[PDB]
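First up is the structure itself, then whatever we jot down about it.
Complex shown without one protein chain; remaining protein chains in place.
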Amino acid sequence: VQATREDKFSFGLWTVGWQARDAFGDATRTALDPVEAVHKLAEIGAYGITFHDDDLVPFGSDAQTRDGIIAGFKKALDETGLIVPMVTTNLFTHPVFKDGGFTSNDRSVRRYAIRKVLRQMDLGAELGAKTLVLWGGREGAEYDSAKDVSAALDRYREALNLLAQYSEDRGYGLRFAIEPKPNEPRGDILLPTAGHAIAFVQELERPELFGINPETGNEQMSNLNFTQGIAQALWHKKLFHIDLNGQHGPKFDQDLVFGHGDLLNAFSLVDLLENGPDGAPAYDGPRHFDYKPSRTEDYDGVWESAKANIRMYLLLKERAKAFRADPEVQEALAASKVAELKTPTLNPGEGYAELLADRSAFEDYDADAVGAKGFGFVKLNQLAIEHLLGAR
Amino acid sequence: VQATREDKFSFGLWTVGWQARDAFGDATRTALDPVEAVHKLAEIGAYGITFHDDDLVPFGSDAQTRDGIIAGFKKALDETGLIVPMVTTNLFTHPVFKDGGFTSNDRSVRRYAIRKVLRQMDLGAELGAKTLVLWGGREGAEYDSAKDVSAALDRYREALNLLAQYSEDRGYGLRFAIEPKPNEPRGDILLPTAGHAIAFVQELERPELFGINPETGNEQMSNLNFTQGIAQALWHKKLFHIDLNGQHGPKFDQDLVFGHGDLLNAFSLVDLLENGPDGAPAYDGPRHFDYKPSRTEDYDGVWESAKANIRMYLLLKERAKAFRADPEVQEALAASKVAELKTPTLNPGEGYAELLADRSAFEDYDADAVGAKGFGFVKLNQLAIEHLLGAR
Amino acid sequence: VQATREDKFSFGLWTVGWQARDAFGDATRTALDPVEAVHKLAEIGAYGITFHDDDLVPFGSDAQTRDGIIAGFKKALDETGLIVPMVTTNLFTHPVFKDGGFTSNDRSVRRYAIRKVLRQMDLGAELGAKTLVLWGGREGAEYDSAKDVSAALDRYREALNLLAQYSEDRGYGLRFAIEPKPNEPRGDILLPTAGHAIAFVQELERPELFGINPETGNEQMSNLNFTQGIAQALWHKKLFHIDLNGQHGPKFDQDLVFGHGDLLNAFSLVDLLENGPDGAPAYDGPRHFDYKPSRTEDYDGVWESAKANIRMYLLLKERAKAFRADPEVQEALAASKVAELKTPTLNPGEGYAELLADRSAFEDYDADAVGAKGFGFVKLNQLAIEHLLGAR
Partner (left out) sequence: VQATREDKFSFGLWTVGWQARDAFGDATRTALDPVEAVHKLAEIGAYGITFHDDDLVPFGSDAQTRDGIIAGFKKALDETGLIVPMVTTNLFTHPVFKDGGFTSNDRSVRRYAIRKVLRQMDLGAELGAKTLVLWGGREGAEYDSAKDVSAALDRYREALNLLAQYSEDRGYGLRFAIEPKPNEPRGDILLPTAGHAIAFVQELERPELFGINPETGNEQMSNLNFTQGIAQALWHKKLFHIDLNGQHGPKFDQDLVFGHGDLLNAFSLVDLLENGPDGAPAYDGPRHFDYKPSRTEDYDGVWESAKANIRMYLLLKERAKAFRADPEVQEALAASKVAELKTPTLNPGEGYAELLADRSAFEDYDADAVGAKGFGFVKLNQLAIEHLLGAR
């Protein structure tokens, strides 16, 4: 299986370009040139590329310099036919951001954080980006008495309301996707799970403009079911973007290739996104890989790992489709009553008065008998895994 | 320290009444008589008691029995002065609920679960309860393909909307509090965190009647910061009730005495609830203990553990108070700029255009100079712990 | 595929016999008759059955009854051809063991626990069992000041020394396998990991008679790499038995079918046990499934789940072999230098003197040139996974 532009695989400049300088060691790879990255990604089948401001234009470049880089970049885009679906802002590397960007205790950093983002918004607008991803990696704390959470939420809100105002006035048409993470680099980060981020967004001035950008690994760092949180995000209609990668439970952020961590959950996730409502996908945005080529790899390893991401997705897609088309699976789904959940509990026009009048829903209900029948969930699970292993 | 009714300490009948039958062994204690529980709790300083329908009236009791039990319980409350601030329904023990109550794949189970709850709502209203707690312990799955999360959320919503309709029509004036839990007993439970529960509630028909009942150990089972989560719940004004207990990170649900698990977090929590805006608590409801006397204890051990919860809460309060009152802390708070987060980032009437025109927010900003000043956070943190330790 | 007796699939009576009473609900299945269990397991392909004393003969059975049960049990084995490779003792269910068996604070409990095991050793010897599995599920504490760990290790040693003495004197020829578990049911269990259990065994009187019985889920409950721990156990030659099941990281003990938790680690484990040196398996004992059919299931789901354990192991075995036989994998192993780790670091006869004299190992070593070369681990991992997906 080969990738098509229709597959919408995108990669951040910072994924393949990660020099593998970790918390305990020096970089093992030299810098990757952006024009080069565009060319290489175009070649493996990516339809788009994304970047933080500081990944493209080095922090503090004079305008001449900055202007020069963008022009080169745009040309590479042009030539390869690659788009920029999303852009983001680095509000975490520079020391000024050590206590946060939008929620730093220091009022002056907060002000600067907003200016840095407005600037990136203009560039995204210029390149045709549709989504602004906001990853508040430095928002949070190491000690509970150091951060007033309430005030922090007020200030996070204050900042986002302004960005939407500006986008709307200017006619940029951007959608804003908040990216949740429980920890790292901060002991605890504000808006730690998909849920916390969706609940927060519901409180902004133009909520219709806000959604989330959940990352496989970030939910798994708390041992949460990623597929299940994406299902809820889809239910709320707030899945604006997705970051795919791999992780092995709660430990530092690994950023493995998609599917290299929890494989079973990678399978159920592809099934969810692709075997949507009609026959059609339940999700129509970019399939963005936010991973890191392992520190043990050279540039051959980097390109191999980029390809591996696409390969894992396409292989899982193929088995998800086969799973749903199998008659034996249909039968197992029927025995487990999966579809019965979609039928309303109440009959049309039934309220509490009618339910209370139904002796069979309670007074004459044989709970003991119903409780003895099996759901056949193990058998259904076993057919799924056999599809995954190509055993059927 | 002594507990007063103004402290609002409540205990579930199922807490002190837990017979200590765990997943690997038989009960080590005999059954506690509801009436006796009422007298003992009154005695240790509790202001109220809570119960699941099946904790007071054995599942399947005739109305004659059922009625008799309610009558006696009512007398005991009478004589002791205890109130019933909250009631809940057992939608997890009986085999019929093996796949959930409200979200069972079986339609008949769903109808049945609603009836069970309406009935408990009646008793609650009769005893003066103000909050109905809903713990969906069996709503979820062990396998991804077994549960359509979207359909599940629709059915959860359908059931809750009917419940609010009924209470409002009967004039019960109840508040509904959804209690989030990540897992146990299902592999994964729907609405796994305080964040997911809040996001869901915002989608109901009468959202103002719904909030959450977060539990200390539930959030800690995912290694989340309970205090930070409550802070967010408070920002949303959805903290309708709270279950206090202890846990040692991600492992089975321990249900230790409040403060016997993450002690540092227990401290920041009491500080949050009690040192609210303008002296006054930030939270006004019951301080409810949903814990279990360890399996190694006898009734002596049981009463001891009941008192330990009150004791822990009162000792923490006392230190939280002293912490805030200390001029040295006051000074460290100032140096760390904790209160500066309360000042809007933007000046009065300032928008994007005035901010874009302010050179000091970007063009002329010295990020390197600001990036080098320390926040003094370790020192503030050490002052808090010395207060906790009674060394200051 | 199909299981043969040479596969050595064994199951505990308590596995398929689990009635599904969990920490939060009643049993959903009726009791399983042991003779029937023997028959059903024989039919699905098991070569042996195991059990706790109390699984077979009800706690507090008179001599007559006990004798009666054993004789019927022996006939079923007879008739079917199943053997009893291992036996174990229940030291966790009865209330008397709430603080442990062998390390109970109470001396009379320790004496009783020893007696209870001697008696099972006799029945085990009589049924032809080769291994005595010892799971100290109640050995540990909820509170640090409640248990003197050093004294508990002394008492643990003291009880095992005696069991070895007895078995050697009676000529039973048993091997003893300690099973480590980090928590559940105690807050913290003694000998929490495979490592702690091997270190302990080394301090016994006749260490050659002791090894471990690691369980997949137990190590995963602590987020450790099961395959890697089993590779260490085999290095030490302490892999006396193994319990196979599934788990989804740090949370309550799930006991899923083998391969239904961490699929990637189940694959690497099967590869390690089967693609041993000299073509042959690195492990020759029983492949024992210590799992539980989900509570949502009836007796059909029970046999279905029993068969799934076998099918999972065999499908994985098949892919592990294809993996190792693939020329492209062979090429990736070479580029990764996996086998170069097997060649000694020092040339034959070289010691520190000769190493010190080698300028090429330090003074003239180009660490920078070496550090630039990649290991091709990502490609190697991608090939393993494609073999697992049946995509190659």
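Observations
In this document, chain identifiers A, B and C correspond to the written order of the chains, with residue numbering beginning at 1 in each.
We take it that contacts are C-beta pairs under 8 Å (C-beta built on N, C-alpha and C of every residue); 3 or more make two chains touch, one makes a residue touch a chain.
One of A:11, A:51, A:92 or A:303 touches the chain omitted from the figure, and that residue is A:92.
Only one of B:116, B:238 or B:319 touches the chain withheld from this view, namely B:319.
Here one chain is not drawn; of C:50, C:268, C:296 or C:309, the residue touching it is C:268.
Residue-level contact of subunit A with the missing chain is found at 22-28, 92-95, 97-99, 137-138, 142-143, 146, 182-185, 187-188, 221, 248-254, 256, 260, 294-296. Seen across the whole complex, the unshown chain contacts subunit B at 28, 223, 248-251, 257, 259-264, 293-294, 296-301, 304-305, 308, 311-312, 315, 319, 371-379, 381-382, 385-386, 388-391. If you put the missing chain back, the residues of subunit C touching it would be 94-99, 102-103, 105-112, 114-116, 118-119, 141-155, 158-159, 162, 165-166, 169, 182, 188, 190-200, 202-203, 222-225, 227-229, 231-232, 234-236, 250, 264-265, 268, 271, 333, 336-346, 351-352, 355-356, 358, 360-362, 365, 367-368, 370-372, 375, 377-378, 380-381, 384.
In the analysis below, only the chains that are shown with their structure count from here on.
The distance from the centre of subunit A to the centre of subunit B, with each centre set as the mean of the Cα atoms, comes to 29 Å. Taking each chain's centre as the average of its CA atoms, subunit A and subunit C sit 37 Å apart. Taken residue by residue, subunit C touches two or more other chains at 28, 248-251, 260, 294, 296, whereas all remaining positions touch fewer.
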